[PDB]
Structures are given as C-alpha cells and as structure tokens.
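Enquirer: Let chain c serve as the given structure and place chains j, g, h, i, a, f, b and k on it in line with the hints.
So the chains spell out like this:
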Amino acid sequence: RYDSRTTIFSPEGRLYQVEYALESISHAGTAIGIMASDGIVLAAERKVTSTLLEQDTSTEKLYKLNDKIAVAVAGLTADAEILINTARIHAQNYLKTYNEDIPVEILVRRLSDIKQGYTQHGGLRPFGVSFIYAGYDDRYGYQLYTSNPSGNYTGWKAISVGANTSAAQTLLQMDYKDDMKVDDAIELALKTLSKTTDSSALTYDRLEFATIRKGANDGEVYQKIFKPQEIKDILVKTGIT
Amino acid sequence: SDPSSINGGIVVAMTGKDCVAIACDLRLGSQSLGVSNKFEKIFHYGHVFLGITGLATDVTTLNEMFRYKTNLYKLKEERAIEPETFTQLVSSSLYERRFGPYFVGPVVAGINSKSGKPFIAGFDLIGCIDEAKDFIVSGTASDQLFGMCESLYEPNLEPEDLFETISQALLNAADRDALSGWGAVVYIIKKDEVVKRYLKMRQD
Amino acid sequence: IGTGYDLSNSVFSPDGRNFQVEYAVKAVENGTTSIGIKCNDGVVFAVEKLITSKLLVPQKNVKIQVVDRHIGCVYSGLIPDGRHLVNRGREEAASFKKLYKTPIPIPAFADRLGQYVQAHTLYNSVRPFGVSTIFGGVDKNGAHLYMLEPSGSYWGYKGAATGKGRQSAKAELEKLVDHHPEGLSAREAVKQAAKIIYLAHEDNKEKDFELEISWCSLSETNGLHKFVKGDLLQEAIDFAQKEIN
Amino acid sequence: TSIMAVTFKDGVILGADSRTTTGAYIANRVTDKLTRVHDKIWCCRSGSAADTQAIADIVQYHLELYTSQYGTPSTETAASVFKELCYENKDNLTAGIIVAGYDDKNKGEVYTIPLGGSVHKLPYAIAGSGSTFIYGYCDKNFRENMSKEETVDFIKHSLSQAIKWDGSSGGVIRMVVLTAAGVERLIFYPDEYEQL
Amino acid sequence: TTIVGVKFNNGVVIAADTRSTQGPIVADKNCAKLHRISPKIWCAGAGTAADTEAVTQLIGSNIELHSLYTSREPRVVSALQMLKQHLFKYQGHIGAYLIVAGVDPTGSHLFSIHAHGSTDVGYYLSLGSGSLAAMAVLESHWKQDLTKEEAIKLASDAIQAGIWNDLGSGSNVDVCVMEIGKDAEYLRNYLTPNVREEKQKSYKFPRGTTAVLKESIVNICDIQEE
Amino acid sequence: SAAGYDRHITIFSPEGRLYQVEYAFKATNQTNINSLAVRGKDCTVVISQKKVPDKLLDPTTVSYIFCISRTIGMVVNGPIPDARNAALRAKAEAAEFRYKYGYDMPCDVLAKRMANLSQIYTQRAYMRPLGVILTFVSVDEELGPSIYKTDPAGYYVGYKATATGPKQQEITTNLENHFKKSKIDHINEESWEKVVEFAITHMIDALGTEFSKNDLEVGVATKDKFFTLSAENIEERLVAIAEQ
Amino acid sequence: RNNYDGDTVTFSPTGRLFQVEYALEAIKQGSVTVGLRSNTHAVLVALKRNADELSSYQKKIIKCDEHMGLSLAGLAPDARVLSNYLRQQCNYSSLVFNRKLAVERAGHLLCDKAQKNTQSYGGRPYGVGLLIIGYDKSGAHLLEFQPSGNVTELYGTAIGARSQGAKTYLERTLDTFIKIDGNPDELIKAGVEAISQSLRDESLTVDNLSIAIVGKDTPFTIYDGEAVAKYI
Amino acid sequence: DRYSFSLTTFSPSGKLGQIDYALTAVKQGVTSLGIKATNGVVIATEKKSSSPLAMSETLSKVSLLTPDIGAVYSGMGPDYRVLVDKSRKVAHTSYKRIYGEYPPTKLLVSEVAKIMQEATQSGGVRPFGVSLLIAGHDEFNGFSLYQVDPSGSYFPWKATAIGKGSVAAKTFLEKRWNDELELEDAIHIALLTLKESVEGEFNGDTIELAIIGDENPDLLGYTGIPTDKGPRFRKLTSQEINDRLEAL
Amino acid sequence: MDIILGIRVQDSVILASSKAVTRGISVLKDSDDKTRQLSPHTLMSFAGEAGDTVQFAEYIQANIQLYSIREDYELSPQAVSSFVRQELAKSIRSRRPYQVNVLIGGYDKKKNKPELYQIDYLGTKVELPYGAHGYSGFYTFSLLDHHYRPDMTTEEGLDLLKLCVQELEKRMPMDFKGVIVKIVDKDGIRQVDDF
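Residue numbers (the entry's author numbering), protein chains in the order written: chain c, 5 to 245; chain j, 2 to 205; chain g, 4 to 248; chain h, 10 to 205; chain i, 30 to 255; chain a, 8 to 251; chain f, 3 to 234; chain b, 3 to 250; chain k, 1 to 195.
Okay, chain c solo, but in the shape it has when bound:
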C-alpha cells in the first residue's frame, strides 16, 4: 500500500491520498453555486441538525472573506476552519498592498498552491475540502470557480460538489437559461438541493444561503447572507413550503 507519507506515488501516477480526500466530500453536505449576470447565489446544506441545535442565529458553511467575495463549504468542517482564515488574511494583504480587492483567480490560485504544497512537501495530509468561490472583480465581472481537494481551479457558470455531484450536475445544466437571472439562481438552487437531500420537505433552518448583487444598489457590490425568514419566502415560491 501507499499510505505512509505523501512523498510517494501510486501506479496511476496520482496518489491514493488524493482519492481518500475526494471521498471525504461525498459524505458531507451538498453545495451549489449558480452564477447569473445579475448576481451569483451560494447555497449549502447542513449535515447535522437537531431542534436543540442552534442554527437559526448562525451559519457554519458560509463565510464572507471580504465584502465582495464569499465561500461555501463541502467536506469535513474540521479541515475547513484553517484554510478560510488564511484566504481571508491573503485578501486583506491584497487590500493593504495594492489598495484594492483581490481578483478571484489569484485568491483561489494561492489556496490551490497551499493544498498541493501539503501533498508536495512532507507526510502531512491533503486537505479534503471543496470550496465554491463566488466573487467580483472589475476585470472579468462575476466569476464562479471551485477549488479541488487536489488543488486546482476551473471556471464555471454553475457547479455542484458535495454529495451526489453527478446527479446534481445533470439537473443544473438541464435547467440553465442562457442569460440567467439571480432570481432564477435562487429558484433553481432550492429545487436541485431537494432531490439530493434525504428529506422530502427542505426547510430554511436546514438551509444556508447568500446571494450577491450589484444589479440592485448599483456601483457597488453588496453581498447578503439571508436571514431565516427570507429563506422561507423563497421556499414558498418554489412550492416546497
């Protein structure tokens, strides 16, 4: 077996370690970011729940790293915390240094180098996490990417990770309207989230949501993590509640 250090290679010319990190995603919650010209939505699903769980005054799989860029989480949560904090630190370096907000491509690119660095160097784990990046820069507008646990990035207009990626992806690309709208993103996301999730009635206390818009309150970007009762409004439109 190859398991001892990450300084080795399996006969596929990859490492078994990378495969193990891959699988870590597909036992966590489901995550979907759909981009439109009029705003990008980020959505995540909770992988624990109780009625004595506080989840109505908090989120856990949704962090803003600067006031123009936000991330969703799928993977273990223990892995997540360390790398979020570093992305956010890198953003404020950018702000300090250049007097402006970071591009989406770099911020992701850095983070991807760092994951690969723990594969590359030492007997230290790969970090089995997939993050959905939804950002703005005034060079390529809205930008949706995701970052691999192997540590590479690929651009997008919609993507799903998490649990049942394949099932989710076919469903997203079917219903993708070509101009798209932020209101349709929001609508599509709930529908797609439902079928993967093992509950038949998706609910707002079981939902995390942020929508990013510059298409209303123009000339500036305002990113809003939704409050629980608003999430309830959008659920009522999709006819789930």
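Treat each hint with caution, since some may be false.
[Said to hold, decoys possible] With a straight-line Cα cutoff of 25 Å, these simulated SDA-like cross-link-like pairs (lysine to any residue) come out:
no.: 1; chain 1: j; residue 1: 39; chain 2: k; residue 2: 83
no.: 2; chain 1: j; residue 1: 115; chain 2: b; residue 2: 103
no.: 3; chain 1: g; residue 1: 29; chain 2: f; residue 2: 118
no.: 4; chain 1: a; residue 1: 190; chain 2: b; residue 2: 241
no.: 5; chain 1: g; residue 1: 104; chain 2: h; residue 2: 129
no.: 6; chain 1: a; residue 1: 33; chain 2: b; residue 2: 53
no.: 7; chain 1: b; residue 1: 116; chain 2: c; residue 2: 97
no.: 8; chain 1: c; residue 1: 185; chain 2: i; residue 2: 255
no.: 9; chain 1: j; residue 1: 75; chain 2: c; residue 2: 63
[Stated by the list, open to error] The following label-pair restraints were derived from C-beta to C-beta distances:
no.: 10; chain 1: c; residue 1: 234; chain 2: b; residue 2: 173; range: 28 to 34 Å
no.: 11; chain 1: i; residue 1: 122; chain 2: c; residue 2: 158; range: 54 to 60 Å
no.: 12; chain 1: b; residue 1: 216; chain 2: c; residue 2: 180; range: 54 to 60 Å
no.: 13; chain 1: a; residue 1: 230; chain 2: i; residue 2: 98; range: 19 to 25 Å
no.: 14; chain 1: g; residue 1: 102; chain 2: c; residue 2: 6; range: 53 to 59 Å
no.: 15; chain 1: f; residue 1: 107; chain 2: k; residue 2: 90; range: 51 to 57 Å
no.: 16; chain 1: i; residue 1: 241; chain 2: j; residue 2: 66; range: 31 to 37 Å
no.: 17; chain 1: b; residue 1: 141; chain 2: k; residue 2: 50; range: 56 to 62 Å
no.: 18; chain 1: b; residue 1: 112; chain 2: f; residue 2: 118; range: 44 to 50 Å
no.: 19; chain 1: i; residue 1: 241; chain 2: b; residue 2: 216; range: 48 to 54 Å
no.: 20; chain 1: k; residue 1: 62; chain 2: i; residue 2: 248; range: 39 to 45 Å
no.: 21; chain 1: c; residue 1: 60; chain 2: b; residue 2: 178; range: 16 to 22 Å
no.: 22; chain 1: g; residue 1: 206; chain 2: f; residue 2: 118; range: 30 to 36 Å
no.: 23; chain 1: c; residue 1: 144; chain 2: i; residue 2: 98; range: 55 to 61 Å
[As the list claims (entries may be wrong)] Not the full set, but computed from the structure, chain b residues with beta-carbon under 8 Å of chain a:
no.: 24; residue: 23
no.: 25; residue: 54
no.: 26; residue: 57
For the record, the hints were derived by calculation from the structure and aren't laboratory data. Idealized CB from N, CA, C, for every residue including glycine.
Expert: Just chains j, g, h, i, a, f, b and k, lined up with the frame of chain c:
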C-alpha cells in the same frame, strides 16, 4: 521638534450631546513645501472615524494598518468595530513599536451603538488612554486649539450647535498657524447619519 | 517477545521493566571485572584489563581514567562507550569548577552523570548506555564510593563490583564488611584490591591479565588522586599471589 | 552610604547604613540593605539600589537550588556566583556586594566583590562611597577573635563616623548577626549612636 | 501629579489627582489615573504616562492567571516582583514609575518601583512630581499605628497641599481604599478642592456665521440589495 | 488490543485511551515499596518504607523521600530512573518559581505544574511518561496541611490521606475506617510527633509487618518547612508505640 | 531475531549491535596493512589494489601531518570523513598550543566520533579500521583504531584481508624489532616479510608496496618505486 | 486499520479512526451538559471521587477560563488541564488589548478550535482526549453555549450533552426544553437529566452545578464604579445545590 | 540637482526627467537615462539620492512587470502607485533605507482617464495633476497652475512644460542638459524632443 511637528496638520474631534464632530484640515505639507491642498485626514472603519496627524508617510501607512485589523474583527464577529474598543487597539498597536515608534498623534471618534453614548479619545506617539467627553485636539496648532475649543464650548449641545462650535474653532486657529490650514472639512455624525459640510475658508 | 516493549525505549512492558535495558545490563556482564572499595579515609579502584596476546604493550591500556585531579572513575562493558561517558563527565566537571570556584563534591557528580544516561532513554533515536561506572574520591565530607547502572539508577556503596568476574568480587567484599566494619583502611585496601581481582581472574582463566590500581586518599595520597604504580603496585601483586596460594 | 562585615569568634556581624540616595535628595531612609539570599548567608547591598537588588535576586534562586541538589552552600560558593554576574556586566551594571555568611565548619566569613568583581578574603571588608573615611579607624581598632558584644560596639562606633562625614549614610544602623543563636536583627537610633 | 500611598493597620489607601499633565498643556481635566493590576491591587502612574499604562495591563494578566492557579486572592509580591525583573531588561529605555499598593492574606503591603526597578518598603510613600511636596505632610502628621479614617485624612491633606504647591496636580482627588479580605471601594471625586469659574458670555451663533463652500453626504451604514 | 496501539502514545486505541501509559500504573509493584501520607491538623506526615537488603549499601544513601525545596517534601514510589528525572525538574521549577513569583510554591501549584509536565510528555512520541508516583506534602500558607498525589498519567487530585504501592489497598481500607468513624479528616492530636505514632501504628497493622528504624524513612512537613528524620529519631517513635 | 538487523539505536539480545558487528566484516573485505613499531620508529606497510592493469592503484597511505599519518583497511567513504576530521585536530594543536598531538590523545577524539553515530539514527556508522603512527614526545606509538572507537596501543598489529598471518609474523619476531633502534632499514624489511604471509594466492609487486615511515631521525616520507624495490 | 496508524490517509467512508476513537475517549469520562435559557445558562457535571478518600471538592471540574466564561469537559482528566491553561493565556492576548476587557464567548471558541485542529493535522501527534462545553455571556451575541470537538470543529447549541450518559441525556433534553425557560427552570431540568446517569450517590457534594447569569460585584472584588460588570460566572456551593435538589 | 516634472492633460500624462547625473563636482555624462517604463503604458520618472535611484528603479520596474505578466493584463496606475509607496514606507522603518521620489504617470484603461500620482521620498501617495519633487516643485507648483486651463490637450501642455524648463535653468545654478519628455497615452509610451 519631532517629525510630527515638521509635517503638521490638525484633526480636532469634539462631543456635544448624542453627537460628535470630527473635522480636519486639507493641508498636507512636507516641511516648507506645501504638497496638497486637498488631502483629507479623515478615514473610517464602519462608524469609527480615525483622524491622523503627523508625518505624511504614517498618515497613509497606519491607515492601511488599522484597516487590516478592523476587517478581520468585522467578518469574524459580524458587527461593527466600536470606538470604545478601537481606543484600546490604537494604543497597543502603536506601542508595538517603541524602538521604531510611529510619529503621529491620532484622534479617535465615533458613537457606540450599544448605548448611543459619544466617544472621543486622544493619543500621542505610542498612544495612551486620554478620555474626554469634551474635545480632543491634535497637531502643530494643538496648543492654540486646546484653548480655542474650551473657550467656545458650552456643555450640552444640539447636533446643529456642535457644527458652529467646531467650525469657528478650526477657522482661526488653523489660519494663525504656519503649517496648518489650506481648506477644511467637517463631518457631523448626527447619530448614524453623517453630513459632510466643507468649510469655505482661505487657502493658507 | 514482540508487541513493542523493547523495540523502543519509550514503550513500557506490563511487568515493570524494559527488556532493551536488560540486554544493556548483559553487556556490562560481558565486559572485564572492575571493583571499587570504600574506606574510612579513601577509595581504591582496580580493574582487570585482560591480556589477549603479548602484542599489547604492558601498562598502557587500562580502564582507569581521572576526572579533575581527585575523582577516579573506572568503567566496564563496551570499552569505547565507557570512555565516552567519562569524556562528557569531564565536561560537566569543568563547568562546575569555573562557575563556583570550588572542586566538585562527589554526590554532585553523582547526580549529573545519571542525568546523561536518562536523557538517552527518553528518545527512541538515542541508543541507551550499556556500561556501569564505579566512581568516588575524597571531598568536603570525606570519602564516598558510588556506582551507576546503565538503567540510570545509582546508589552509594561500601564495596562495589561489576564485569564478568564480579561473582568472586562480591563475595570478597562481604568478607570485608565482617572483617573490618570500617570497610578497611585505605593503605591496606590497595593490597586488598589486588587479591580480589586474582580470584576474579579464575573466572577468566584461559588468558593472562594486567592489573592496574589507582587510589585517592585523604592524607596517604593527600586529597588528590594518583596512580598506584612503582614499587607500590608490586607489593600489592606479591600480597595477592601469596594469599591466593 | 557605607557597608561592612567584620568576622568574630562566633559569627559575622553585617553592618550597614540605611539611607539610599538619588542625587542630594534621599529616596528612603529605611531601605534594608542587608538582604537574605540563603539561610545562613546574606549579602550587603551598596552603590546603586537597582543594580544590587537585581543581582542579589538572581543569586537568591540559584543558591536555593544549590541547597536542594548539591548540598549546603558556603559563603565561598556564594561569593563566586556573584562574581559571574559582576564580570560580564562590569559595564552594564555596577554592583557593590559584601558577601557574609556563617558556617558551622568555617565560622563567619567576609568576602568582598568589587564592581568588576573578584573573590577576596579579608578579616573585614568595607565598601561603598562612605567606606573611604572609616578605613583608618577600623584598621587600628580591629581586635581579632573578640566577643559578640565587642563586635557590635566596634561596628556602631565606625559607622557613626561614616554618618558624620557622609549624609548618604545615616538613618538607623541595621545589623544582621549570623551566629548559631539564630538570625537577630538589631536597629540603632540616632539618639543612641551619635553621642558615641 | 501628586501620588500618595499610605499603609494602615487594616489595609492601604492610595490617592492621586485625576488631572493629566503632559508638558505645559493639560491633556485631560479628568481621566482615571488609578490603573488596575488586579482587582485588589491598584496602583498609580508617574514618569511616562504611556509606559505606566502599557506595562500594568501585560503584567496584570500574568498575576490574574496566577490568581486562578492558586485559587486565592492575588498577591502584591507577585505583581511587584514581575515588574521588578521586567523593567530591568531594557535598562530604563522603557521606564514606569509607580506606587504599587495591594492587599493579600499575608497582610498589607506597599511598594515603590523605578525605571530599572528596586524595592523600597515604606509605611508611607509618595512619588512623582509631587513627591517633594507630599513628603513633609506624610512625615510630620504621622502617628504610630494608623486606622482607616485616619489614613485617608492624612492622605487627602497631602494631595490638597500638593494641589496648592504643585501645578502638576489639581482637579478632583480620586481615591481607592483596599481593606484586607474586604471589597476595594473606589471613591472617585472623594475630595474635590476644584472650584470653577464660569464664562461671562455665550459662544453659540446662528448658522451662516460659518461659510459653506459645498455640502456632501457620506454613509456609514451599509447598503441592501432588495 | 495491539496493532499499533501500546507501541505509541500518539496512536489511540479503540477505547480512546493509551495502553502504554496505563502499563506504568503497574510499575509500582516492581520496586515493592509502600507509602502512607496522612495529615494532622497543623502538619503533614509522610512515611515510606526504606529497603536496605544488603550490607554493601549505607542506609543514608538509600532514601525515597527527597527535599525538593525548603517547605516542600516529596515521596517517590516506583522505578529509580523516572524517580530522578521527576526530582530534577521539580527542584529546578520550584526554585525558579519561588523568586519569579515571590511566593512559596503551594502543594496544589507544584502538583499542578508537574501534572501539566507529565501531560506534555504523552502528547509527543519523542518523549515518554514518567513511571513514578510523586506524592507531594507541604503545609501551605493558603490552605494549611495538604497532600496532592500526581499520577504517571498527569492526573492529580487531593487526598485526606493516600497510600501507594502493591499492597496499597490494604492501607487504604484502614484509613477509610479511621476518618469515617471519627468524622474528621485529620489525626486528632496536635503534636507532630504523636501524629507520626498513629501513622506508624496503622501501617504495621495494615501490612501485617512490624517495621524497624532502617525499614522506615519519615519526612515531616510542619508550618513553612520540611525536614526528613534520621533513623534514631524514627526509633524513638517506634518504641513509643511498642511499650505503652 | 534479528529485529535488530535494522536498528542501531536498539540493543540486540547479545548486548551488541549487529551493525557494529557487520562493520568488522567490512574490514575483512578491506585492504591489508601491517603496522609495527619500535621506540624510535614506526612503519605502515599497505597493499595497493587495482581492478585491472590499466589502473594506477589506490593510495592506502594518507598523510595526515608531517610526523603522523595513517593507513586504511575497509570502507573508503567512511575513511574520508574521519581523515578530514583527523587533520583538523593535528593542525589545531600546532596552531594554538605549538604542540604535536599525541598519538594516544588523537585517538580519544576519534572514539567519541564513532560512538556519536552509534548513538544517532542519522548518517552511516563506520566500517573501516585505521592503523595510526606518529612520533611525539613519548616516542613512536602504534594505535589500532576500530570503527567501534576502541583504540588499542600494541607493538605490532594488522587489519584487512587475511590479516591473521601478520599477527603470527609479529608475535614471533616481537622482540627482534624492540632491540633495533635507529635503523629505519630494518623496520621497513620486517613489514614486507609480514605481508607476504598475510596474503594468499597473491604475490607482492613493486607498485603494490607503499611504505610510510616516521621516527626520531627519519622525517615523515613515503617510499614508492625504486625506494621500495630495495626491500622487496 | 492504517487510517489510525497514520493520520495522513482517511477512511473511504470519511474521517480518521483517531477522531472516532477521540469520541470514544469522551464517553469514558464523567457526564457534562449545558442548557441555555433566555435569562441564563446552567452548566452541570458530576465528579467521580474514585476512592472514598479522594477529595474532588479540592479540585472542581468547573473552571473559569475567564470570569465571564466557564467550561467543563467530558473525556480524559490530564488532557483537560493544559488545554484550560492555554485558554486563559490566549484570551488576554487576543482581546484584552483589543477591547481591554475579556473576550466575547464566540471569539474564544474560534481560537480553541484551531489548537484541536492542529493535533488532527499531522502524524506524530494525537488528538486531545476531550470534548469541551464552553458557555459564556457577552453583550454582543448575548448568552451562548457551544460544544468544541477535538476534531477541530465546533458547533453552537441550545442544549446538548456529552459523556458516558450522552445518548440518554439528549432525548431527555428534547422533551423538557421549551422556547422560554428561566434560569431556575433550566437548573431544575439540569439535575434530573444528570441524575439519570448516576443514582445512589446523587447529592450536591458529588454533583457540581453552577450558572452563568448576571454580574456579581461580590466576585469582582471591587465596587464604586458606575460601569463595572462583575463575573457573569457564579459558583453555587454545596448547600445551594441541595436547596435546588430538594425542589424537584 | 536632479529634477522630475509632471503634468496631467486630459488624454495623456507628460513626465519629464533631467538627462544630467552629477557625482562629486563632475557631471559624468550629458546623456543619462533616468526614466524607466514599468510596463508599456505606465512610466516612472524618478530622481533622488546618490545611486539609490538606480537600485530602486530596476527593483520597482521588475515587480510591476512581474505582476502585469502574472495577471496577464497590465495593472492599473492605481495598483502600481500604492505598491511603490509601500516599499518606501517599510524602508524608512527598516535598517536600510531607499529615499527615492517618484511620479507614476499611467494611462488607466480600466476607467479611461490619464493618472498622474505624486509619490514622496518619505513614501506618501497623493494624487495631484501638477506634482513635482526636490527643487523643481518650488517653481512649477505655481508656473503650471497659473497658466493651467481646466481642460487640457497634449499640444497645450508641451509648450507650457518647455517654458517651465526655461525658468529652471535661469534661476537655479544648475544644468539639466535639457530634459527628455516621454508621453504616456492610450497608444503606449513614446519619446518626443523638447528644450
């Protein structure tokens, strides 16, 4: 004396009654040469306003410095930084360097949202708590302003009353200082509304 | 055995011992007999350095080595490994002299050497020691005799013994408690040391030996350690041969 | 300010003046300059209060650890320990220490460490900027192996003279008698001492 | 600034004026000048204002950990002994000049500290600019064995006398009494010798008596998107 | 079980625990020594056995009661190597603490910092746990008489009285009867000498074996001091019991 | 078991290590040298090896100093690290103390250096024997350095392949060469006889001989070709 | 097997064996629980004496990290003590110079988490043996409760429990929890839940129960300041627990 | 000695820099390059302290080129000007200084406006469309702004600059050996001859 004295420039903040004003001059000079007639010394991280006096480099550099720390504070805790808590921070951060201490005299002002009480605080090179509910003045014309502001201050004032007091104060004191003046701008934080009123004054 | 327990020095057995430390004690046993005899006014150290061929040069290879000018130490087991514990020991000795402007007390030395052995069992990347070390001298409190184990255990002794012929030595030392409850005086103990090593050399018999004796005595070596050599050593040799016969 | 310790037949008696001075103003007129570093061994502090206070503290924890591991310290031992601090910091720090102790095997001892330091054995040592004046006095009127009472009276008169010719010497004359009768502090009022 | 610390046979009381003087300009009329090391250890600053403030928080945190470790009321020897080694290292390049006062279950204690630091164990002390003014009052109005009410009349007199003679002091006298095993009652504005003189004229004007080039409106409240 | 588990202290078992640490709790049976610590009202007493089994060993070099610092004694039970290692660190830290903090290091605080020390050795695989049990005795100035026992795990807890050894249980049961019936957690007499008589008696019944002066070593902690008794002082207390 | 055939930090049940034992093997596959000495001289005679007859043969004599020198038998890589070290110490003694390093004193430094690698888990342990000669204040001395670090002062000794016949030459003639002093010629001839017997299924040739000599009258000099075809 | 002889690789069903064993180590502990109300927070634990002669009164298993925030644990005893030590130090550094008074509850949890996380990261390090509960009170997010897992993740909760009796405590809390509880009411739930776990020894000598409610200027050690806020943390004595334990 | 000039016109930024370099009492050459292109549409003229101008110019040029090349699209004059200023602000707090004053005149393509910034030797970034440093700004703060018409073109600004230069030679005892004028526009950067 110090480098803070060579470059100069004034930031004065004051309290009335459920309001603050923090105002500044538009002069940046580097010694004898006047450099900009329009460099604003007022900056802000949420509702907390940070003025900066002193050497020209540290006006730009410390601004970047305190921006960095208020942005990590804001995101993690999901609330605005408070003027009560920012006073703690300014004093420790400047104290980090003591063997290369930053040569500035800041003024912090804001209004706390967890009580609505008005807060102004004064600092020096490496900063100390200096608590006021009256006024904190700073710069090369600070000795003029300390008396000018006391003289015109009448305790307990309206948001509209406080404009008058800080304007007459700045107007003569900046003018009758070498290294200060050359325009002024006044920010009246009424509670959470900020109106910006440019002072027509002469070019010094 | 297996299941750890000797495979590293960190890991511990359910018995209350460590079987890797037991094989180190076996290495002290294999080494050549050394004895030390405490006295009411000195210490005598002796060693058996066996002669394997006559190609060796006589009185030139020994296990007696001095520390300062008044602490004698002698080692059994793995020969270069006992040398090294003395070489570090010598470094430790010097530090103490420089800082406090005083000669080292023997129980002070005793603490400091056993901290070196113990450090070599806290790490799986450091092989323990496998040497016992008989030691002592004359100081502020008079004469003291110690011995240190490769476990990293040590205690004070009236008579001490280690090596291959240690089975004889132990017996002669006991005869001595009874014979003299002062543990014998330092002058007559140089001769007592020689006789002991001769009965011990009956357990090594197939070969010849070379006997080196050293001493440190309060007023018969003047607070200082010096090597027993000359007409002194030959008298010690004559006593031994006579009483063995 | 002036400090001394004089050996006697059953001990060692430390003598010192209590005024501590920064410039011509007296900081405090009751500073204890005789400071414990160990059970049977105490040091005298002169010079700068600040430098001598720090160097005693460092040695205090060290001689505690010496007593636990390495058996009972000596005055001799103590004095060298102060030397190492004094020699390396001969330019950073200025530390006047008279290092006086009592053994049941070496009786009272008085060792004096200059600024630079060096361990020197003396039948009495005297140190400070108040020591200059009283030298000749103590040189003639040293009787050796004199009684406990004879020591205390001798020291009392010598230091009286130091107070007359220095205003940074004065206050109360404090004494630590390290003997086999315990630790006895003594204090002497200006009413007692000056007529003498 | 006059600082006085006065031990007594039930506790300690430390007092100081509230007025901050940095050079020839009065920096603040009132300010708390009693700095907290620990909740029964209160202390007052002299020399540099920024350095005495800055040091008392770092140290005081280490005494607070130690206060939980020992599970006991906090000790003044521990506070003083940490300042005493700490101030030494930078060799006066960071100074801090303090009357440390506190109480402990081993009794009441009183200290002074320097820039480099040395111990001075007094019964009554004064430090600062108003050391020379305060001293003559502490010495001569002193009775062998003080109690609570006595200790504070002697202490207050000494501040009020140094308000007259010194000009580094003035305004209201802020006081802190720390009595052994009993709460520290903070008496700010204990003795107020500060008289006040009012302006004979108004200084408020109707608008348009200042001139306005232009106006502008900036936010400090975030935007929505809905 | 065994598949990694026992071979490390950085590899957890299926129970979540470490077999390897737990095997040192079985290292007090190998030296075959028992302690007894009891508190009087103003004192703390510690008595541990002294084993001299050979006439080539002086009674005064074999001791297990160590002076750590002026007011602090400690008894060691278990192996001679880990005995020394613990002793050093406790002396270096006690001396260092005392002048840094200006306080005499209480029984709770020495027991605390050492237990912390023992936890640090277990988290890295480079280091190993101590094997010995250290039972610290001091009369504190903040709590009077105290016994805190620190375990080879880095557990530490207070005790009315505590015992350690292979026959530890038999003494425990004897102390249980004593404090329970009287309804006090101390030995009632106030003189430290007469407390030491009571403690010696409980042990001789409990083990079943009469002891001698060179089969005990006794340390006695009084108000701000510690001292260890010599054999002739110990004999005086033994015969105190023997003849009423 | 032989779970100890990998660990050099873990004792073998005998009390040895296998690594130290294998290191003696390395010496056996190594190239023969014979030492011997007298009071006023010491000589090293060593066999040069070749892999073919277009090889110009391996130096088996390294000049450590102008009065001290060594020869090897075993691992040449390990021989290099210790030769470096050894010259550094002899030059140190001539720099600071204007002193020749005693043969015996040098050897005790090399001892700590062997056992450091035994204690550690890092880098190779040694596997070469060095025969050391010098001439100091205490006349010529001959040490046999072992890769364990054991240093043994003899009147003659040998290490390398098939070295048990050199010990038999030396034992018989032990006294012949104690009596000869002041004749470098005699001492050189005695090693040459010695290493003929040592070898088996070989013969000596001119350019297989490298003889290195130091004494009280003879400077440190290496003889080759026509300076060693006088003693073959 | 190899997914907890090494920490690099993972199970193909997710997570290291080390984490699942670290949870086993939690349950081998005493039972600890917390209940949040809207005017208070109760925190409660049991203490095994584990000798008739052991004094668990001298060391309590409810320990203030800072004056407004106490914590408990369930899991290994040695592992708790160093971890608590680091809580007190980081707290002063991280926010008693930024805000000049002790931290938010919320903040100290994100700090603690990074430490637990770092011991899950690499080989030659083991997870901590505990899961903690950190309860506290600040004015910026109000009353809060949290569970801090040795995986390196943390979760806020309204009421939760951990330890040996966790699985019994959790269903119990679901039933008795309401939308508005009082502090007194939450203490009355807390005693019943823990009593399911241990019975035949339940008394306030052996059960330690304490609250985070309002300020105590009495545990503050000073008064005379119009703005002072004393320890939100408060210990009930043995006698006070008995008054509540009768009330059932 | 050593002047740098700047004017912002409403379609170009025009930087000028002296061709003269003096070390000792000796003018080393009457042709010296003292302005470097950071990228093909952003130009840094620089002047300042002895041989610091050379080390600092090449250090700054290389970094901007790396970031333009890295992003794969040249950075704004706004990004560029903070970065240069920030190097300087670190240096005066470090144990080695660089005291080099500079002007960044870029054509910003991001929002389509020419941008002249004034960056101090101290390390102070302030935007001014008539900035200038050393002893130049003592004469040209006033000359540019007297004749300054609120809208400007490349044609208008060049005659006014030439005039400025003509004053400097007259009232300083200096020699600049003329000045090279490189014009920064939307078509890149070019050299055009002037007095």
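Enquirer: Is the hinted pair residue 190/a and residue 241/b satisfied, with a Cα-Cα distance of at most 25 Å?
Expert: Holds, at about 19 Å.
Enquirer: Please test the hint of 16 to 22 Å on the beta carbon pair from residue 60/c and residue 178/b.
Expert: At roughly 20 Å between Cβ atoms, residue 178/b and residue 60/c fall inside 16 to 22 Å, so the hint holds.
Enquirer: Would the pair residue 33/a and residue 53/b pass a check requiring their Cα atoms to be no farther apart than 25 Å?
Expert: Roughly 18 Å between the alpha carbons, so the hint for residue 33/a and residue 53/b holds.
Enquirer: That 54 to 60 Å hint for residue 122/i and residue 158/c (C-beta), does it hold up?
Expert: Given range 54 to 60 Å: holds, Cβ gap about 56 Å.
Enquirer: For the pair residue 62/k and residue 248/i, does the Cβ-Cβ distance stay inside 39 to 45 Å?
Expert: holds, 41 Å
Enquirer: I want to verify a distance hint. Is the separation of the beta carbons of residue 216/b and residue 180/c within 54 to 60 Å?
Expert: Distance hint for residue 216/b, residue 180/c holds at roughly 55 Å.
Enquirer: Measure nothing beyond the straight line between the CA atoms of residue 104/g and residue 129/h; if it is 25 Å or shorter, mark the hint as holding.
Expert: Holds. Residue 104/g to residue 129/h sits at ~12 Å (cutoff 25 Å).
Enquirer: Does residue 97/c sit within 25 Å of residue 116/b, going by the straight-line distance between their CA atoms?
Expert: holds, 21 Å
Enquirer: When you take the CB atoms of residue 102/g and residue 6/c, is the distance between them in 53 to 59 Å?
Expert: Given range 53 to 59 Å: holds, Cβ gap about 54 Å.
Enquirer: Measuring from beta carbon to beta carbon, are residue 234/c and residue 173/b in 28 to 34 Å?
Expert: holds, 32 Å
Enquirer: When you take the CB atoms of residue 241/i and residue 66/j, is the distance between them in 31 to 37 Å?
Expert: holds, 33 Å
Enquirer: In this structure, is the beta-carbon distance linking residue 144/c and residue 98/i contained in 55 to 61 Å?
Expert: Holds - the Cβ-Cβ distance for residue 144/c and residue 98/i, about 56 Å, lies within 55 to 61 Å.
When the structure is compared with the earlier hints, no violation turns up for any of them.
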